[PDB]
Each structure stands twice: as C-alpha cells, then as structure tokens.
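A.B. asks: Kindly produce the complete structure, drawing on both the sequences and the hints.
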Amino acid sequence: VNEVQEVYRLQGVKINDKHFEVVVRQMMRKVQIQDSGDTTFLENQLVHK
Amino acid sequence: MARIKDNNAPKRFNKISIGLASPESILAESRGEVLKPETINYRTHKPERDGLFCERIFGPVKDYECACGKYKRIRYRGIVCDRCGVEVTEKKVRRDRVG
Amino acid sequence: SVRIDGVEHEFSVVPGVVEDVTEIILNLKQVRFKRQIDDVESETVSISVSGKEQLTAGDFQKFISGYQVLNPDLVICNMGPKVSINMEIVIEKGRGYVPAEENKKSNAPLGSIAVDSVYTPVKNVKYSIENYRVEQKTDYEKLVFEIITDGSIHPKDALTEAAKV
Amino acid sequence: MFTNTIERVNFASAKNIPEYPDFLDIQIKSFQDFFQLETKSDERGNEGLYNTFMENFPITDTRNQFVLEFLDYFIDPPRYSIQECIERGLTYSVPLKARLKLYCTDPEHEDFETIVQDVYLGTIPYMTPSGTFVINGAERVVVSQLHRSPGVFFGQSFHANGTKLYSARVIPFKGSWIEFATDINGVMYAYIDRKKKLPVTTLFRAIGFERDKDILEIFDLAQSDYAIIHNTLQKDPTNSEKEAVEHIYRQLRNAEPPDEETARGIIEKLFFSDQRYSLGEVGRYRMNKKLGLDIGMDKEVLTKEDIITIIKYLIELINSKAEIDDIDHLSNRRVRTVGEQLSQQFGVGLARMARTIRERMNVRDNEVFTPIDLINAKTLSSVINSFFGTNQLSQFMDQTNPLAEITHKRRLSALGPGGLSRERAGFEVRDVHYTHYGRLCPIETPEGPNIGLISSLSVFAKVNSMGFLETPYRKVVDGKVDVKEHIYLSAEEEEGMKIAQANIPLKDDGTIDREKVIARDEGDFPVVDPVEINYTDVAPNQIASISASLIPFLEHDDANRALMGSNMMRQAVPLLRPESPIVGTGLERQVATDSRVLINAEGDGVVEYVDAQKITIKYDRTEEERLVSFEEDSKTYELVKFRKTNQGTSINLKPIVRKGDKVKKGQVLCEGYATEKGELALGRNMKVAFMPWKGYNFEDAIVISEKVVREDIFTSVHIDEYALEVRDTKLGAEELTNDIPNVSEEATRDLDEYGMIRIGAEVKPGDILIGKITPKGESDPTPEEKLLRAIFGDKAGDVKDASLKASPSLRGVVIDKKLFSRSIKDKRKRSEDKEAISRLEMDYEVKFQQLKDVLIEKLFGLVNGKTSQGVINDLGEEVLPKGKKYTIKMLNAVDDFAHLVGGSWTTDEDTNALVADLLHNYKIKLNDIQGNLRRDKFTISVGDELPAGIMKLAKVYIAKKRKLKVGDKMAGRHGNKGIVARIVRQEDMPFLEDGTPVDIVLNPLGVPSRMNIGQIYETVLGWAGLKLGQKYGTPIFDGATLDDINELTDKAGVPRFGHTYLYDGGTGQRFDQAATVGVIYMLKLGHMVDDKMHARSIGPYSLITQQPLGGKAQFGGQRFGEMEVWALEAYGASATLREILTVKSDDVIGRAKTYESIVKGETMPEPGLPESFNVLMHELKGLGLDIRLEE
Amino acid sequence: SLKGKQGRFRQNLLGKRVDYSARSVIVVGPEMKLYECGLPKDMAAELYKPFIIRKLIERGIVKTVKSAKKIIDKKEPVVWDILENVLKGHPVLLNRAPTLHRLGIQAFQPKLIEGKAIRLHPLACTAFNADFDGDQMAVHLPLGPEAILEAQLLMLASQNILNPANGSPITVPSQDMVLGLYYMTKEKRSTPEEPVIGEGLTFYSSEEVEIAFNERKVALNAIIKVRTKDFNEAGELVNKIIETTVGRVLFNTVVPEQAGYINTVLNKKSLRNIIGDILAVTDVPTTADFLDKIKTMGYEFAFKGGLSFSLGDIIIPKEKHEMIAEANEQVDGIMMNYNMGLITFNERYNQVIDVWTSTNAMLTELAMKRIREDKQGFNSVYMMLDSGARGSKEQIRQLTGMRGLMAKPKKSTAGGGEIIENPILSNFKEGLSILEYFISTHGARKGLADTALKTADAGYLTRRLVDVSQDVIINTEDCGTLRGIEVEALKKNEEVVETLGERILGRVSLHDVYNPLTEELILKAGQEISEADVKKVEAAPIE
Ligand SMILES: [Mg+2]
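Chains as they are written, first to last, in PDB author numbering: chain W, 1236 to 1284; chain L, 1 to 99; chain R, 56 to 220; chain G, 1 to 221, 300 to 1269; chain X, 347 to 889.
Don't take every hint at face value.
Claimed, not checked - No farther apart than 25 Å at their CA atoms in a straight line, the calculated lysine-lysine pairs in the BS3-like style are these: (1) X:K754 with G:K1170; (2) G:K1038 with X:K420; (3) X:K754 with G:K576; (4) R:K159 with X:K421; (5) X:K870 with X:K882; (6) R:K178 with G:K594; (7) X:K401 with G:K1238; (8) X:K412 with G:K1190; (9) G:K1039 with R:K84; (10) X:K837 with W:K1253; (11) G:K854 with L:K91; (12) G:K883 with X:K387; (13) G:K1238 with X:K420; (14) G:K740 with L:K46; (15) R:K84 with G:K585; (16) X:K756 with G:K576; (17) X:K534 with R:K160; (18) R:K159 with G:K883; (19) G:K732 with R:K84; (20) X:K434 with W:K1253; (21) G:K808 with L:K62; (22) G:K562 with G:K585; (23) L:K5 with G:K1238; (24) L:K92 with G:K1038; (25) X:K666 with R:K160; (26) G:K883 with R:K107; (27) X:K615 with X:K534; (28) X:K756 with G:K883; (29) X:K534 with G:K594; (30) G:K883 with X:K666; (31) G:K854 with G:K878.
Quick caveat, the hints were computed from the structure, so don't treat them as lab data.
C.D. replies: Next comes the structure, spelled out in structure tokens:
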C-alpha cells in the first residue's frame, strides 16, 4: 500500500489509502498448502482461505 | 403491429447449474433428427429436408408460412402442415429449436 | 427570391456570364432599396437586360416602380455583349436578418431560388460622452451621436424610430 | 503588369533564393521516366518499361527451339477522359501494344516463318497531369515508400542475459535475406531467411573453402580478436565441401539430397543466380562503398569477396573497431517512387506472363502459333489493377483543399509491404533525425498511432535516381559563399560537413560577416569559424514542408501547436468566397500554381472568350510551329464547376482573366477551390478581440458575430454522390421507375420516367432519389394488402421497393444526375449497330484521307524541289527512291506515313528535323483519330462500360450549402482550434471607440499555456494591413519583426500591440483593461456539426446479436461498453444497467413491450433474458453441457 | 466460439449498443445551472419520441401512433410545447469516452435549446475531462422510474461535487471563473498617480458596501472596513469590524452564513478548500447554489475587466541580454580552462550546464518579479498564472525568458538523453531560429508519441484492477473484528507529507482513545472520525 501510494504521490495525485487497501485485500485471498493431511486438497495447491 | 404476448413467461432464476448432458436429455430437447448433410438447394435457395437448416426441425424461414406454402398468414398459428411437416409460427423460433 | 431563366438551381451557370449564379446571388444580396411609393410592402420585378457588358443595380431601376436603388453602381455580373439576362426578383420588407431557409415559399414557381436577406438599414452607430458646463456646474454630460445608414432611412428618422421603440 | 495579381509587401531579408522545385516532380518526373512517352522510339533510354521488357525477354522454351523477342512498345490514346472516368466510375487507363518477333531456331522447323506482330498487352491505368491516378472513378495517389536501402547493415542486439550480440544483415533488391549473427557462446552463425542457422565455416566450405587451412588463410590465422572464427570451426560439424553442402541441403529442405549436384545448385540459385537473387545497382553501389570493394557495378549477385569482407567487418565490429549502422539514418532509408513501384509490378506481371508463355510453347511444340495466341493480357492487367486496388501505398486522395492534395503527393510512408507495421513501430523510428533537415519535415506528422511513420517531403528536397533524398546547399570555399550555383547533397554526402543557416550575414562579395557562426555538424551544432564551414543552407523555409511554410510567425509558435496548425489547414473547407490572408508567407501563389488544379496557360497568348464554363486563348505560335503542327492556334479550356471531391468538398473554378487580357506560360487562369487570384485562400480575414466573453469562450470555445452568418463569410458547398446499381437477379431483372408500390404520389412527384429525382429539386430527409423495384417471388398478398389494393386500385406488381432514400440528415439540392445503361444486344439492334459501324467507318476513312492530304500539302511545302535520300519503312522496304526530286505524285504514292523509321529525307538537317517533327505530330494526330474511331465503335457496340452483372448505373449528385453554425469547428494557422459556442448579435459584440464591432472573440487564457504568440502577431499585423489596405508576406525565420509591425500600426493609426479600450455591447461600459484587437485569419474545418449529430429511439437491429446497429448512416445507437458499465456499477445504478443491457439492446420481446408501455403509459415490463445470453446457452447446450435455470 | 477475445463472453456479453441514445458536439452553456444541460431540439424529439406520442394520444389530437409520428416528424409547435413538459423531471445521462471514473457518466436535467450542439455546464468539464475543441459526448435516456430516481439521487451533477478517489471537491471553478474571482477579490492600494476610490471607508454591513459600489463611490479592489458576522476565538458567530475588500464583501454575499467570513484572495486551491469547508458545515444543495453563484460572479467580473493577452504584458527583462552575455563569458572561461587542461571534458560539460541552468533560473525569477510588480499585480498574464486559471511558471519563462537547455534524441542504449551545451537562447516573443525550432520538434514529437502509446497501457492496468476488485461490495454493517491498522503521519525527508488527522479522517476507531494530558475521551470505539475529532487529535499529543 505504501509503495503504490508513494508512486502515485510522486506525480501529485491524491488517492485515499482505502482503495489500495481494498485491492490488496483481494490480492491476499489465497493460501498455499504445505501438508494435505487427510484432506481433499493436494500438495502446493492454491486454495481459498 | 402490436407484438404478440409470448406466454412463455421469463424464467425467473437466481442460480445457474451445469453438468454432463445425458443422451435422454438431448433427445428430449431436440425437435428432430438430421439425416442429410445438405444445407440448402443451390437453385431454389430453400432448405433441404432433414438438412442442417431444415424447416421441419428448426422452424419456418418465413413468418406464418409453411415450407410448401399450403398454410399462410397468422390464422393457421400452431398448425403443422401435413404435406411438409413445418409448423406455422414466427421466424424467431429458428433461434431456439435444437436438433 | 430570384429566378434566372434557364437556371434551375443556385449551383449552375448562365451561358456567357463570367460570374456563376452563386456570385450573382451574393451580389444581389448587397442591393439596397429606398421606398418611393407609400404602402408598398412587396413588389415583383421582372428584369430583362441585353446588349450590355455589365449588369449593374441601376439597370433594375427601369423595372422597379415602388422602390429606389441606392447603389446603382453595384455590379451584379459581367456578361458578353450577346448575352440576354432575364431574371425575376422579389422585394419584401423585414427586420434584421432572415436566412434563405425561412424565405422559401412552398407555392413558388419552379426555378425560384431563395436568398439570404439582410434587412438592417443602419451600418454603424457611434456615440461619445463629453462633459458640459451649465452655469456653475461642470458635471453635466453632453451626448454626441454619429449614425451611418444605407440611405433607406434618414439618420434623424432612425433616431426617432429607435426612440419610439 | 497583370491586373488581377495580388501585390504583397514582403518583409524578406534573405537574398538569392533559387526557384522552388516543382512540388509534383516526385510523381510526374518519376512516371515520365517510367513510361518515356514523350521520348521517340529510337531515343528511348534504358530505363523504365523498356528495361522491364528487356529483363524478361527473350523468352525461350525448355528445348531452345522457339524464341520470343520483344522489339518495341506503343501506347494508344485512353478510351475515356479523366472527367468521364470519374463520372463513370472507371479507371483512367491506356491500352498497351507490344511489337514482338517470334522465330524458330530449330533447323528441323525451317518452314516456321518469322512472325512480327503487335500484341495488345491490356489496359494500364495512366497518371493524370496533376500527378494522381483515377482508380474506379476515385482519384488515388501512389504514396512513396521509405524502406530500408539494399545493402548490408551491421547492427548490435542484446540477449536476455545481457550479452552483446552483433549481426550483419544483407537485404537484396530481389531475393532471399542472409544474416550473419553471433550467439551467446562466442560461435557466430549465418541465418538464411531466418529459418535455420548454419556456421559460416560450413558456408565457406560450400562456396569452395573446403579445408580448415583455406578458411584460416582467409583471416590470416590479434588471435583473441579472431577467436570467434576458431569457435565457429570448433562448432562446425562438416569437414569437406560435399559434407557442408549436404548439411546445408538437409538444414534448408529438411530432407536428404538426391545427389550432390542438386544440393550445390540450391546454394547457387539461392545466392549466386541472377534470376533468383539481385542486389541491384543501389545495393551494389552501397556495398562497394561501405565495404571498400571495387567490384564492377554489372554484377548483381553476391560474391565470395563480399561475404569475406562482411565477415571481416563484423569481426572488427565485435572488437569495437567499427560502429553500428543507424537504421533511421536517411542514407539507410531509400525512397520508392511511384515509377519504381510500377516497375516492380510490371516486372512481376511480365514474369508470370513469361512463365505462362513458356508453358504454352512447351505444349504447342508441333503447332503453328502466333505471339497473340501465346499471351493473355489478363496476366499483366490483373497484377497492375490489384496493385492499384488493394495495396496500402495506393491510398484515397485527400482532396479537401489544394494544400492537402500537394502534401499527400509529397508524402513519404514507412508502412506498407516491405515497410514497418504500427505494432512493430518503436519510439526511435517515429523520432526526428538530424538527416531530416531539409528532406523530411520535422513539424508535419499526423497525430495518433501514425506519428513519425508518415512524413512529408521538404519544399526543396528531391529524390535522385538511386532513390535517396537530396536537398540543395550552397558551396563555401575559404568562408566565401558561392551565391550563383547550388549543389544538391545527399545524406551520405552530408556526413562530416559543417553547415550554417541560410540567413547568415554576407558581405557583397559573399564572405561571411561573422566572427563565429553556429554550424550543423551531424547530430551536433558546434560553433566554428567561417573558414571551417563546408556548406550553407539555401532558403529560410528549407526545413519546413509546404504546410509548415504557410504559417506566418511560425518561429513564435510552439512546435506542438505548429504541428496542429499544419494538420488543421489541410482540413480547411473550401469557402464560397475565399479570401487571401492579409498576413501570409508568400508561398500561396506557388502552391496554387504547382497544384495544377487551377487551369494554367500553356504558353503566351491572348484570351478570346471568358465564361463561367470555358476559356479560349489564342496561343502565340511561330511560323515553323504552324508549318509543323496540325492543331488550331486557339485552345479551349473547360472549367471545373461543382465537382465532388473524395471528402465531399466542391471544386468550383471561376475565371479571373477578362477578354483581351495577355497571359504568359504558367499563368493561373481561374480562381476558386480554396484559391483567390492565384493565391491559396483557405479561410477568411476576421476582426478579433481577445477577452473572456461571459464564459461563452470557456475552454477553447469561440464566440462569433452574426455578421459572419449574414454575409456568408464562412459558407461552403459540399456535394454528395449516391449510386444505385441495377442488377439481373434470379427472380428477374430489377427496374428503375417512378411507379413504386405502396408509395404516395407526393413522394414520387419529383421523379422522372426513370425514377430519378428531378434536377434542382429540394432534397429533404426520407425523400426518394432513385426509384428501384426488385422483382418479388410469388407471394399471396396479406388481407390488409388486398384490402388496400381493392380500395385504392393500385396495381401493385410482384416487385419489392428497394429505392435509395435520403438519409435522415440529408438536406440539399440536386445539381447533377447521371445514368449509364448497358445496351441490350438484340438481333435487330445488332444489325442496326453493324450498319452504324459501317457508316462510321466510311466517315472516319474520309477523315483519314483528309488528314493524309494535309500531310501531303505540308510535307511537299517543306521538301518541294529537294532530292530524296531514300526513306526506309519498318520492314526495310525503301519507299521514297533515292536521287529523285520530291513530287506531289510520289508523295501520294506512299501508302502509310505512320511507319517510316529509317532513311533520310533531305541534305538539310534543319529540313530533316522539321520533317521528323511533322511526321511525329502526324503520328499523334492519326493515333488520336484512330482512338476516336475505336471509342465510337465501342459506344455503338457495347455502350456504357459497367461492372459485370450491372445493367444500369444510376447516380444523383446533391449539393449542400452549409453555413457556419454553433458546433462547427474553426481553427487558425497556429493550432488554435475551437468550436463556435454562440453566434452573438452585432449589438452585443464588443465595439471600438469608432462604433465598429469586432467579428470574433477568442479566450486569452488559451494562449499562455500553449505559447502560440504567432496568432498575436498575426492579429496586430492584420489590423495594420486592413486599415492601410495592404497585404503582407511573412517568410518564416525571415519575416516581420516587432519594430516593423509597430511602425506599420503607427502609420495605420492602430494602438501599439493592438491594445485598445473596448466597449461592451450590452451595457456600453468601457472594460477595465485594454484588450488586444485586430484581424486574424480563421479557417473552417471539416468537423462540422451537421455530420456529427445523431439520435435514435428505435431502429434496425443486427442479424446474429440482434443488437441495434452502429453508425449514423444506419440510424444506430451509441456503444455502451465495459468502462461505462463499470461506472454504472460504481454508482450502484442497478436498474439503469439492467434496462440498458436488456430492454434497450437485445431483449427482443422486452424492447417492444417497453416501447408499447411507454406509448400507453403502463408500468414497465420486467426485463427478460438477453439474446446474447440465449446464444451463449445454446452454444453450451450444443457442446453437450446440460444447463438449467433454477429458481 | 467461447474462449478468446472474440468469444461470446468478452465480445457480446460485457458490452452492447443501446437504443434511446444520442451523440453530438458539446458547447459551453455558462448560463445554465450545475444540474442542467442544454439539449438540441431534434435530439430531444427523437429521444423522447414515445413520451411525446403518449402525450399526443392523451390530448386526443391523434388516435394512432402513426399519426403521432407524422406530427412529430413535421416539428409542429405543439410537439415543442409537449416536449417542454416532458423534459421536466426526466434527466438524461451524459457520457464521454473514455469513462475512466464513475463521474464520466452524470445525470443532468435537459433543457431545449437552438442548434445541433449539446450545452454542457463548465463545472462538469473537469469530471468529464471535456474541452470545447471538438469533443463529443453520448446521451443516454433512462426510461423506468427506478432508473430516473437512480440518476436523480446518485448521478446528478449537483450531487457529484466530491471526487470519489479522495473526497476533495471536483466541481471547482477553473480558467475564466478563477481569473474573475481572483480579479474581484484582489486588493489595490492607493497611489498618487492612481488613487483608489473609497479606500479607508467604514460600513455598517454588506448593504452599504453594495450601495457604494453601485454608486461608483468605492472601487472594487479598495481596502475597506465592514461590520459583519465572523467566528470569534471561541467558535461563536459575532459582529466585528474587519478590514476587507469590496470584491471580497460581494463574494461573501453569496457565501453560506455558517462558513463565517472568507477574507483571502481567491485562487483555485483556496476555492477548493472553501467549497470543502462549506460542504462540511452545510448540505449539498447549499454548496451547489454557492458554486452556481460564484461561477456567475467570476464570469461576470472576468468579462467586465476585459482581461486580455498583449505583447506588453510579456515583459522580457531589459537585463536579459546582459546576463546572457555574462553566462557567455563564464562559458568562455570554462572553455579556456578546459583547453589548458585544468578540467576534464565531463567537468567542462557539467560546469557549462550549471552556468546555463543558473542563468535560466535567475532569468525566470527576474521575469516573474517584473510581471508580478507590473500594475500592482493586476497584469493579466500574472493574474492568469497566480490564480491558477491557466499557465505555469515554465510556460511564462518560455514566453518571456529563454526556452533553456534541451535533451538530445540520441539512441544511447546505456545512458539517457544528453543535454545540448547550447541552450535555446531565444523565446517565443523574440522568435526561435531554424536550428532551435528543429531542436524543439524532437521533444514535441517525443511527448506526443509517449502519450499516444501509454494511454492504452494505463487503460489495461485499469481493466486488470477492475477485474480483480469487482466482487468487493459492502454487505454487512459490522463484522466485529478487534484487528486494525496502526496509522501514523507520513513523513518523508523530515517533512510531514500527510498529517495524521488527514490520514485517519473518515475511518472507524478500533478502541477508545483518551487524551494523554487531560484524560478526555477523544475517540469512541465503533465511531467515525469526523473533522472535529481530527482537530481534537491534532491538538492532543497523539502520534
Ligand atoms: Mg478535446
């Protein structure tokens, strides 16, 4: 968030941090599985949290 | 002309379901079977019977007119011609009938 | 309105005439009229000119009865000595500017070409304000008026009509 | 002194400016070099179509028994005129006839007589005198292509790992490309057509360097510098010539060679065969110059020494001992003129024709045949017509105004076949280069995706024989400028030379009068002494194009605004009454003269008759010219009156000369079409005040006076051509008639018997222009139709209405109608036509006899009493006996005067030359009469020429007089574009102390951010000129200064800088601050509001998507795409988005129900399923997925 | 038929062409209100055709839709009489492509006008990015009552004062308006040559100031004293005598009362801050009325002043030649230093560039000072630049000083464009030589190409962001999390770029926050941080 907002700020444009926060939230909706256990999932699979 | 009230009410739905298609389902939805690979007659520009554009399967090309011209005008709506087997209806049906 | 014999639209040419019908129309727009007979609001003028090397606005005067051409030296077109020009013009009364679109009459004869009409008689109005001394007070104002007209209305009459409005 | 020539006060200070090279030379000179029509048969040089025929001839069969040789080519007069071709929608083309000699070299075929016959090779489109081509009735320009020059370039590239890769690319004039490139491992490879790589040691073995010893002896193997060669040897899988050649065969054809000979022959044909590989003169010259080799220019194939030298140069390039080649350098970019492209197309067509002929004579070995039976003219005609019709360089002509035309003809395009693409066009190529100085205009380039890719030639630049650009310089020795002669220097000749500006101060002897002068040295601009100069510029406007040279005070305008102004004047609509600018540059007269749109006097003479339709001039001729020419001394010129252009503008020419006026060669005879009195007049001079006006000039808006509309200052005429083709269908032949079923008599009242609207009738939207009935298949009429027929009695036949109707935005007056109809050849009609051709043949034969005896009279007058030296026919027959005195009887004994090419007539060389010229003009006149006979024969036989399947072609022309109105786009010459926001009454407009109102108001806020003070200067100088009754010429960089304008305004009684106190028209109160007032030159652009307003409630819908159509002509709605849907989603406008996506676009039932509900005032029906979703569902069901809608 | 850019999903489902739509060229309707747009008669007649048909059948003039269509096509006066009533309460939607933000589509109340161009309010131009140099806009007509209410209550231009990106006002006056407001609100002091009428007078209220101004007994820029309402140190509304300007009093006559008294020279930045504060203390309709009034006032006072662009306002310093000469002698000193081997080639190049750029900076400062002190700051060019209406310091420098150093177009793959050691000495008033013009063409073409080529990349980035963020919708009022983000003032190089209150403004507090010095409850958990809370936090030592 800080890096993107800094890049946008260098050009004199003001955008609230909440928009970048909303986007970055969607950018972090998944996890990578390290051990399937007995579950349905598979090794190194990307699944929703 | 005032558009006819198509009594096929808009199907209200909030859910979309997908799956494998059974042969029985395809036969149920199909209006007929396609035998001939011909599309249309190159001379009369009319669709060949039992072809990929046949009027007995998919519907009449002209509104309220059968393939052989025996039945014309809206007064024969819903009647399937005994000579050509084409239902007397709107041309719009050629977008929904499946073979 | 203007109707030149043998001309069906404003984008044509009269044989033997240097200027096209468009330039003739633009020159005809510049002709100025002063009323000579009272109560004359509209007049139809049939003009037939031949044997001349130049059609001037003064050549219309021999055919106009109720109006007077104020600029007879205005050249309408240059023609050959063997060119015969037969044209019909309609003179009407109006205010300000009326585009040729509004002047088109549905009952007009074939070949009639409507023209833009600039009805305004006043070319320029200039006024100045100078101080004036009355007895002991020097703050009173003096108004000076300079009016340039086309000759159809006298400047005094123009002032009187503006005051009347 | 001429009465109608505009005199301008020129502020130019530069002296000895030579004449501008003809602006249409790049087209006309190239085409004339290609065809060589004006050159006699025996004087035809080895260039153009003659070389095209030589390179493809003689054609010999596989057995070398039949030889087909080319002798000469002759061109007939065109079948139709330029105006006729435009009106009829045909191509202005000339027939080509070739004299061919066929003989058999086989002694077993001694009975085969030698045949010499003139073969008609088909119609070739011919260039107009204005430098254009008329293709399918519309003018086109073959824009010159700026492509990479033939030769070898040493370029450097970076691999993904950052390692520098050096490459040498050889592109031939005709043949395959070869590239020597290095890899990341230090092993360099040779790429053939970029398909598969081969180590160059393998190529060396294949080209004769079998052993490693020879290859190392090539480079005399400093070892670290040449380690690449050792690495390539180490990676070479071959050791002998046979192995290398077999490996090359396997790499190229992906198969094993049947034998060594074919494998060697593949390499020989690829790289050393004239038929398949051709470097050309340009490529050979460039490679010889850059490689330091002295190979003869006659060798056009690659050689071993060339390959060795290229590899050596690449090796030193890797060693940083050589520089890389700049691709954008104009030495590396070569101009392909129209003549060159025509030469290539003719070469390809003749190659195909030669292959077809070879196959035919391989088939017809034992039959007696003539060259006519061997040639199909369609092979060449189709190739040339395809090039003129489908190639990207044959573009639609920009005919908005003469400036646009002359800029289009001088345009250079980097696109097209053999050029660059928009996707592959980087920042570098689009940039301006130092070699563009005086060759490519750095100001004029289109905005958008084509910036830098489309360039305009400079005023003084020309294209040489080799195809490179030269611009004129003046030579300097010891600081002394040679002011008498100038030398054209190319980009390669300009390297290492220091160049100063044209306006540098010189003494009377030509010595530079400066201690230090700025100089151009390549890409830098160093300061040098006058001794260090090599060359000097010639004109102040040498860098600018024709457009950029028409902007006054351009040196005061920002480069971007200069670009916009240059682009914008080319969009200026021709006005009804054009007026030359008060403040101009002086190039307007030259632009009008060189445009060749205006009728130019061919020589000195006196005008006999002046009319709006024609001009007659009696040209002054000397006695020998009268003795030699067949034409009358009087020439009649037909003026172009209301001719539609490509962009819909109108060409209207009005004569400016009067009866009895004296003219000389090159004089302009007519004004009009954005010209006034021989000067280019794109717009009008207008009084302007710079102040904000109640916010109506906000954000580039323009406030204008009503006097502009009143006096037709910016009124322009546009013409629209509508064509309806009648066709023969299966159900019957379509017909044009006024009896259109289900149409009231009022709508057809203006139609003639042929269904065409009457000339001069007013066209309103929806009016019927051309009435057409299409035959209808037998269908029983509906009960409503039957009732209508019974009531009104209309005998509606079995036809359907297909009449072309006026568009909803069309309002105008018909000014021309044209109907071309194909003659129906009936037996009686064929007999009548045959009798007509017979009678025409007798009359024409009488004409040829008349022409022959006037020949006899003139020839006898020239050669009376002299002796004949023997004149030989083309067959070698000696027609006029040598030693006999010339008599009338023996001259009457010569059967054919068109074919004497040999022998001598008299001892007097002057008499012989006069007789030769007389014979040449006789040949021209006889060819003209024969072409006339052929044209009338065609007219009687077939009639009007129409495309196949079309029986009649109907055209209607409508002229639209469009006044200036709110929304119309106006612009100056300095980039100040704008939209008319309000037409203000003259009483409300600002007025001066004298009561005179200003005509236009511009926002002062637009100037400081855009840095175009040139408009300010033009305003002040134009006010000075209008008050003084003077017009001025302002050359760029050598124009009017501030002190001169101040002096002129002081003389004219104008406040300095135009700073005067204005008065409000509404309240009469003087404004608090003085305003800049004066006269500015304004143009009216083609972005007019009448063509851009569109509105639709309902209309036609598309076929598959059922969406409403797009475009104004189809009466369609606007596109409502993804970003705007995102905007609706952001607003939370659910219902608006739903309504738009379904009931306004593709809900077939929903849209009709919504319209009915709106009309009847009921509640809006619920949206249904869009047809796009129905199509998606149907596709997914057809693909075998069961999809159900669940509630 | 399904995948790819040309498949059904991306081609026929995400975009469509619509009925009840229109398009034409846009012209400025400065006499209109913020929520009004001028609509040409033909466009309105075609768009509102079925409504006009309905009213025709209701009036009994025509019994069939065909006769109604015939009447409408003939453009009879009754059609206009009906259309005038039909336009009322039925807004249209104005869209200019590209629609980069939601303000690219706005709802306006249509008005019938003459001509064929759509009239746009000047304040919507910034949101639409629309100028009047040939731009066109699409017109979309909502049909159903839900759509009409949606437009009126969410997409109306008067309701869209704020920028959704940051909350700052986007309907700020510009160009003519800003210049006029600046001209009216600027002060002029009396001089013996140009005495100012009415300076030093005292007035009981704005009423007497208006009386004096209308009587021409006081100047617009005169420094006066007036008695009116203004906030005291406690935040209450009291009367006091405040030194002000007649133009400022006239400007405050339309300012909403609750905003106090505005006593500063008006520029674009101050105007934006003022509109923000007024909307903070009042409601949206009052701010819209204020915007309309100040727009009219700025336009009128810019028109009355006759503010122009003349060659006399571009005052090239008389010392320009002298400092160019001094720079030339310094460059000569550097060159002879290099020739004797005292400095390197790179050092000489850097020193020459430094000398030229110092000369350019000094000349820019001197030119700005001259133009500023000209006519007591009432020079039209200086008024245009200082107010923020148009123009920058660099552009005024190029018109008056020297265009300066230029970058070479060289194709150096390693380094960037080198700077030519000889700058463009001439300016646009003096005129550029052939060489200088050829040099500047490089930069002009480079800029045009860069813009034209990178617009599409920006659009692609926008598309990817929309694709990744489309599913975020506020669905629940509170999820009850105890987790939050710790926000502090943004400092860069010892400079506070964003204040703590500005960053936390509009957020919801995690826990209760107490003043460390007074133990007062500043913030409550689960409550929005308003502007007053922002001031309280800034007063307290909270970081
Ligand atoms: Mg724009």
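A.B. asks: Look at each hint and say if it fits the structure.
C.D. replies: Now the hints, each set against the structure:
no.	hint	verdict
1	X:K754 with G:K1170	violated, 42 Å
2	G:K1038 with X:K420	holds, 21 Å
3	X:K754 with G:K576	holds, 18 Å
4	R:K159 with X:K421	holds, 17 Å
5	X:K870 with X:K882	holds, 13 Å
6	R:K178 with G:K594	violated, 59 Å
7	X:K401 with G:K1238	holds, 9 Å
8	X:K412 with G:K1190	holds, 24 Å
9	G:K1039 with R:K84	holds, 16 Å
10	X:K837 with W:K1253	holds, 19 Å
11	G:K854 with L:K91	holds, 19 Å
12	G:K883 with X:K387	holds, 24 Å
13	G:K1238 with X:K420	holds, 22 Å
14	G:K740 with L:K46	violated, 74 Å
15	R:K84 with G:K585	violated, 57 Å
16	X:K756 with G:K576	holds, 19 Å
17	X:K534 with R:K160	violated, 61 Å
18	R:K159 with G:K883	holds, 23 Å
19	G:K732 with R:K84	holds, 20 Å
20	X:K434 with W:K1253	violated, 39 Å
21	G:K808 with L:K62	holds, 19 Å
22	G:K562 with G:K585	holds, 15 Å
23	L:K5 with G:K1238	holds, 16 Å
24	L:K92 with G:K1038	violated, 42 Å
25	X:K666 with R:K160	violated, 68 Å
26	G:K883 with R:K107	violated, 45 Å
27	X:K615 with X:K534	holds, 22 Å
28	X:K756 with G:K883	violated, 58 Å
29	X:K534 with G:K594	violated, 50 Å
30	G:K883 with X:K666	violated, 68 Å
31	G:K854 with G:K878	holds, 6 Å
Of the numbered hints given earlier, the model fails hints 1, 6, 14, 15, 17, 20, 24, 25, 26, 28, 29, 30; all others are met.
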